[PDB]
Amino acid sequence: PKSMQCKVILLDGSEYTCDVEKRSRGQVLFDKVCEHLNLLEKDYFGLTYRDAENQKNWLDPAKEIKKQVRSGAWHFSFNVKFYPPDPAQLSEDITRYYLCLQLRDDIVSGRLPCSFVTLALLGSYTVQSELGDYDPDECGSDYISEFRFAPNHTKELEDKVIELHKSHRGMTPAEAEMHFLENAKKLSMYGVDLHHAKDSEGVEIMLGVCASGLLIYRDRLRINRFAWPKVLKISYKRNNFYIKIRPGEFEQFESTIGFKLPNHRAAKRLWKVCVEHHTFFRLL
């Protein structure tokens, strides 16, 4: 039975190596990574790979790894797939921990925009979680933390992290991670997966997919929002993604909004992530 070497980038930035039989489904590899991570609350997470166009794709746990990676390397990342709107309701601290690591990368990367003050507050909770109580010994007036807190670091930001860290004395890692999550979860791009698209008139928009529904970002002024309840159906055909919207009471016919994606594969990817978010953040 022939086995392929898999390389997984973990959220702490380290590499996990393992082998699976070459006809393995994605679930086999995912189960191995989650066991390595001592992670029980697995439903929020998934593995990504990069396709031949270099786009991030979710590894479907139900299908053969080889029919997804196709010609590419068996190289993956471990990621948050479904960002819980209320992280306080996760049953385990270790779940909250991996969620924090994913959000730190979301912030540093600029996928999750954040005010100065929220960058410093989030950074201060990470420091408290990782170093414990503020100590002046590892911090003179010139201190710069090894921790990456932001897409662009400034001395003013480093100073503010230290000022807020002083205030967290006696806070345990689990408590600091919970505070990190209570702040992060309120940010307007928390858990939003953005896709480049054109509207029916060819104007460049972004479609966001999250727990609460679909977002159309036409610009900072005029942002269309479709709670899942309002979304009747979604479809893709060629390079097109269409969404059907419920009529309001005593209106006769659903409305159709169509979008143009860059190519057929981008349309299909958007459709699948929407179906999966609808299925997950339907239930309750």
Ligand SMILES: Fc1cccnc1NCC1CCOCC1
Second form
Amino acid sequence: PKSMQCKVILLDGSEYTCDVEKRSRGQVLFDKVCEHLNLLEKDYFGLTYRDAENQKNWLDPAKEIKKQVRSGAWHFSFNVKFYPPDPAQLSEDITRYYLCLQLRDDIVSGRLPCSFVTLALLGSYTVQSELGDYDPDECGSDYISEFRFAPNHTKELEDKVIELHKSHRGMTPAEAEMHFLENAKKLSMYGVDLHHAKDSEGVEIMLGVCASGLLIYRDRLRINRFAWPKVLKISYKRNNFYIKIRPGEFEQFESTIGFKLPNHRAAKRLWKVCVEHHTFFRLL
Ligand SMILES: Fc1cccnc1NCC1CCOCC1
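Moving on from the form deposited without the ligand, please list the structure of the form deposited with the ligand bound.
To see the whole picture, the full complex is given below, headed by that same chain.
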């Protein structure tokens, strides 16, 4: 029975290596990674791979790994797929811990924009969770943390992290992680997966996919939001992505909004993440 070596980048930046039979489904590898992580609340998470143009795709757990990675390396990342709108309702601290690690990367990467004060508050909770109580012996007036807190670090941000860290004396890791999540969950781009698109007039937009529904960023003054229950059908054809928006009360007919995606694969990817979010957040 022939086995393929898999390498998975974990959310702490470390690499897990294992072997699966070459005709394995994605679920087989995912179960091995989750057992390694001592993760029970697995439904929120998934594995991603990078294709030819370094674009992220979700590894479908129900399909053969080889029919997804195709010509590419068996290299994956472990990621949050479905961001819980209320992380306090997760059953396990370790689930909230992995969600914190994902969100720290969301922040440092700039996928999750954040005010100065929120960057410093989130940073202060991470430090409290990881080092425990503030100690002056490690931090002088010229302290710079090993922790990456932001897309761009400043001495002012490092100072503010330390000032807030002093306020958290006696806070346990689980407690600090829950505070981190209570703040992060409120950010306007929390759990929003952004896709580049053009509207029916060729104007550049972004489509955001999240728990609450589909967001269309038209401009800074115009953001259209379609709650999942207002969405009846999602479809793709060639480079195009379509949603069927319910008739409001007393309307005879559904409305159709069409989008142009960069290519057919980008249309299919957007369709599948929308279907998965619609299903997941219909059941929560
Ligand atoms: F409305 C727009 C049209 C075209 C490009 N960008 C747009 N908005 C910028 C934001 C939208 C989501 O948050 C981060 C980027």
